[PDB]
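Below you will find one chain, with nothing else, as structure tokens; this is the form solved without ligand HW2, and questions on how it binds or moves follow later.
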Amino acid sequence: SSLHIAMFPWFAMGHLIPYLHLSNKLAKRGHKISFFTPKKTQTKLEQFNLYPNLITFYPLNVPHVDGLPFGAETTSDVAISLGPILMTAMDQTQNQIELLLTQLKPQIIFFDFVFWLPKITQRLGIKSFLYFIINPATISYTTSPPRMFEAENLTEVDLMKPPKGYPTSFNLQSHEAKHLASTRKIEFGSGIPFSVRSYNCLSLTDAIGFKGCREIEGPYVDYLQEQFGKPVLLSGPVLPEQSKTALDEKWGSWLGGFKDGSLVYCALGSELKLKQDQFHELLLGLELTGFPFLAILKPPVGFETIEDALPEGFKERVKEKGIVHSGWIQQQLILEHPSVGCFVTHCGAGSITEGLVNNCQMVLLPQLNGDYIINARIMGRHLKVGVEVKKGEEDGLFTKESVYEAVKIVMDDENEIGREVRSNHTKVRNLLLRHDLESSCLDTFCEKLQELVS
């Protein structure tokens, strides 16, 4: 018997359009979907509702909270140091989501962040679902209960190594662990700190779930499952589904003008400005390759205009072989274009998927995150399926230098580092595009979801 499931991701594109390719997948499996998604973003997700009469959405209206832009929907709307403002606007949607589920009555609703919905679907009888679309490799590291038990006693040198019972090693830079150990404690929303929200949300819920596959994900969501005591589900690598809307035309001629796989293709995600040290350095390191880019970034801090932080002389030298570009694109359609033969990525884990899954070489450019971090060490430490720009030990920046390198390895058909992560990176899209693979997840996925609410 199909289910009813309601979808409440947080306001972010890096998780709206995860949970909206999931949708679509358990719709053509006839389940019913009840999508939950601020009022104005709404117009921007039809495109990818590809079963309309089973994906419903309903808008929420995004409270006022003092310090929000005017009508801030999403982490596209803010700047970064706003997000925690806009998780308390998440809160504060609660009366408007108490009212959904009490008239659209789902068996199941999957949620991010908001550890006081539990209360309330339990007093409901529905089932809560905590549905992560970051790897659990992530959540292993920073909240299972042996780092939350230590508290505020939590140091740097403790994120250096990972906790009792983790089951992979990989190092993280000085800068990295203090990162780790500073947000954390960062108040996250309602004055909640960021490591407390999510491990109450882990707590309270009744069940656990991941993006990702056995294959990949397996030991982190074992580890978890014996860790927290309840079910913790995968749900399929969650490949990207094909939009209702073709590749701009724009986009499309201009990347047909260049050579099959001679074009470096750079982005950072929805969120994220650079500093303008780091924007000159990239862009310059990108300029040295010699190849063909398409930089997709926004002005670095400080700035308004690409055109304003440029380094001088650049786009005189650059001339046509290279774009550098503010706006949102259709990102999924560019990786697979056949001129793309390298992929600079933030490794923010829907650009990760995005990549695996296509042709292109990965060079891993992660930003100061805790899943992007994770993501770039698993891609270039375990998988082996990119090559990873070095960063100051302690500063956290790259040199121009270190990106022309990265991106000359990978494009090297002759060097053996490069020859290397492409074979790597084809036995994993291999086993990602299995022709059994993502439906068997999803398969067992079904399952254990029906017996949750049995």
Second form
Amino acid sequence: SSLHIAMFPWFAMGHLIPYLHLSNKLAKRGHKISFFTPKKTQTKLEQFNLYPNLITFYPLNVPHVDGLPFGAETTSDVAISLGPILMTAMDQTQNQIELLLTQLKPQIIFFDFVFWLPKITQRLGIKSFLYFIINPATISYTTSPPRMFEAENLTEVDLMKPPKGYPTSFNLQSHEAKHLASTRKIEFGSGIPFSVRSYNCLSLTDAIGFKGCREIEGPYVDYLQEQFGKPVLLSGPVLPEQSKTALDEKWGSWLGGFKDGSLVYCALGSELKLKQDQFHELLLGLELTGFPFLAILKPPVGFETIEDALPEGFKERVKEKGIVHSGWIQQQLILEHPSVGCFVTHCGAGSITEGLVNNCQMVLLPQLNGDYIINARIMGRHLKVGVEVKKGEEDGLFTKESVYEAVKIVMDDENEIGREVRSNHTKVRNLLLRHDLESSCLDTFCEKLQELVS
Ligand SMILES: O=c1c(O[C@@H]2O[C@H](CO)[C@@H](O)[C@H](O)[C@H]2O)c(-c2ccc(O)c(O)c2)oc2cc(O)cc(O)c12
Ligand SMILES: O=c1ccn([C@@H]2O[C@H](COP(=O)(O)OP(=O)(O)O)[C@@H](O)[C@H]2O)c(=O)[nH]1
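Can I have the other form now, the form solved in complex with ligand HW2, not the form solved without ligand HW2?
And the full complex, kicking off with our chain again.
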């Protein structure tokens, strides 16, 4: 029997897009989807609704919070430092969520971040489902019960080792463990420390789910089910669905001018701005390779245009071999273009999936975020599908030479490390795209959802 599922993702394109990819897959199986989205953002999402008779968008008015820029709805609209104010705004949609649930009466609601929701759904006889599109390895590492019980006694040294029972081994750098130790405590919406918020969600929800498959995410989902004692489901890897919009002719034309697999595509998602010095090092490092390149970057902190921030003489030198562009582009369609030989990625979970299912060599440039870093270690050290750019142990900065080196290694047909990561990427791609992998993930996913509402 088909389920009625409401979708309430965090106000970020990296959550809205995979929630919508999964919504399409569920609607293909006959499930009805009530998709809650920020009002103005809906227009940018219609692109991905492949089943409009089963997936209905319901607009939310993102309420004012002092300090929130006017009209902002998504982390793509605000600086990263304003994230916590946008969380307060999510929290403030509770009254219009409460009334949406009372009239739509879904059986289940998928959600991010809003730990006040499972109390409302329990009142309404709705099952609450905390659905993560970040890596379960990340939540396991930072937000499992052993971490939370040390409360404010958790130090950087504590975060250099995994919590008790963690299924896997990888190494963080000092500046990374410092980042996790401090940001953990910072308020993220309505006065709630960041890790406490996610821990409240994990503790109060009826069930948990993650993007992923047993073959990769399995050990972390098993750890989390053991720790929190409730079902932790896998949706499958949320393979991107095809958009209703073809590749912009202007990019298709320009990309088509380059030899197959010769171009380096670099993008760091839609939420982040580099500091100027690392903006310069990254671009000079791309230039040093001599390969054509497309870099999708916001102007660095303090700057409003790409032009103003470019290293001196850069435009005149790179000529028509390189473009630095700050607008939103069709990343999934660009990564499929045969010109792209290399993807320099900030290791956002969505970008990771989009690179893995394509042929591009992966260069890992994780930005300062627990999920990006943990994704980069898993991809670089466990799956060994990419080469990570070296950062300073204490300062977290990279040189132009380290960018150049990583791209040169993966692009060199005769380099054994490049051949190794190509071979391992092929293995992972063949797994993720296996004819029965995503479908059997979704088979199990939907049976366990049926169990949840039983
Ligand atoms: O990145 C994390 C994360 O998602 C992101 O939180 C950033 C803010 O810090 C946002 O700006 C990005 O839009 C969001 O994708 C989340 C998160 C995502 C969805 C949830 O429903 C949830 O409860 C936690 O948790 C983390 C926990 C960590 O210990 C370390 C992390 O890096 C994250
Ligand atoms: O200019 C852009 C930037 C991002 N994306 C898409 O936005 C999502 C970004 O998710 P990810 O988790 O990689 O990074 P974030 O932007 O949240 O840091 C992915 O589906 C990308 O393909 C896009 O289409 N165009």
